[PDB]
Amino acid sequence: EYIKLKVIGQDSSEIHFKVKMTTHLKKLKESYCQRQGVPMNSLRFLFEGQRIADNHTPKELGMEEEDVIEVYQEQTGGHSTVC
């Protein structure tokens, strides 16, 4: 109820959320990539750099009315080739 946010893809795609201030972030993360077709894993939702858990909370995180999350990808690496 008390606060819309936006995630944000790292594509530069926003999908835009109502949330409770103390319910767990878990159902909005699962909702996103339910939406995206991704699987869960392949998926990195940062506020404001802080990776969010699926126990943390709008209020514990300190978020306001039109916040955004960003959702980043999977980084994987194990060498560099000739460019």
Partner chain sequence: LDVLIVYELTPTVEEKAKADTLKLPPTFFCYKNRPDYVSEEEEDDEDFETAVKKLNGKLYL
Given for the second form:
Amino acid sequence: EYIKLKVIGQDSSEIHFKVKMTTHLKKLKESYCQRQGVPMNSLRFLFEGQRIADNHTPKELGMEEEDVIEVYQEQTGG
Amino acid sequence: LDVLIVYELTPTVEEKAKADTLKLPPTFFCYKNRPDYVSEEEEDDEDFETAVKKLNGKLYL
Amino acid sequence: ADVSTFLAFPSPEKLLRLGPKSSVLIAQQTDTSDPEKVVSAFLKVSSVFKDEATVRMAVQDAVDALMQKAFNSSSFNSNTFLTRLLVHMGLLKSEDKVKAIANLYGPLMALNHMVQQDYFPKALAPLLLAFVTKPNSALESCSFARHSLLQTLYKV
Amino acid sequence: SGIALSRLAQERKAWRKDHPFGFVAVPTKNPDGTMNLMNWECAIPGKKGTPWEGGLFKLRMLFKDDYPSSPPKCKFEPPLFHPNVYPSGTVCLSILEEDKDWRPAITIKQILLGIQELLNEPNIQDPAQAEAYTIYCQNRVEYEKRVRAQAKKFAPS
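Since the one above is the form deposited without its partner chain, can you give the form solved in complex with its partner chain too?
Every chain and every other molecule in the complex is listed next, the one we just looked at coming first.
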């Protein structure tokens, strides 16, 4: 029903979350962006290499306990 | 509650001062505090050529 | 001397007044081993383009003499020419910082002609096609010339 | 002068302890054999599961004296086929531009992971080279073929 996730930045920042196994993962992203004080669209969140959809759920991604989410600065080539 | 923050990695006063001086992320030196850390590892002579060599052609976990 | 004056301050009148030797003179004056310099000359010449038959021919003949000399050189890298041309037309970004020219009508009509000539290396056509198709505001101000060039390029 | 050398020395110390697997970042040597912290040689693996997979792409990272205020200049050596890399090899990425998303808190590690991410996620609206743009847009299958050939060419010995 409930797991702990570690959200790790490439800047070495780390926040852990208690998250409901059935929840929409955008809530995690909102909370994280809320805490860091940056817009939601400025960050990208990955799990096992893949982007996390706002409607994705820890269940649907097969997230186990103490699994890691990696977060990256949004960027574009030029 | 659906999601709850239970932890935030925060640097010590010393680590934060060191990072701030270099304009580094405030948690940059936190790798130094954890069970895994041995220590310096004082002498760095390695070059690019040998570092690539030490890969042994293995790019992925 | 007047040829030098033409290149510094291009007008269709000065181009014409150089006479029937204008084409050869402009080509000779230009260092056709240097893609940047060739682009510069190509843009100066095509900047005076008009639909009027006499100016149209003078511009096309000068482009031909210039580009035939450039493309037939061993030391001329035609890919670098295309890149720098697209850069100077504001169609492609550059590490160095350049002034895109404001009006592309002349360059586009000259390209229309250049691209049909036997001297024109055909492997460049896809690149030109890609960048003339790509949305650009300056190209939109020249939509008729742009359209003509695209049609021509599709047949190359 | 400036914090550049102090910081670069710290980033190097940290890199040796903690760095992403399969990546290389090392300061170059001056001719006399001493370490040059202002110029690093790096290598970026292509992402597993992409046409870039298996390639190890060498990159030069050039720091000015005002680093971290200014980003390093990053250049693939040799130049790579990719829409956002200049013919010179210079990489264009928003987080590498001072007028853009560069911030002093961005580190070498973060830069390398960013460039890795860029490999398979080009911005085709704003290409740095005509060649890779044209092939990408005209023939995507040919584009992926060129990428795979290039990854093979740079596969580590």
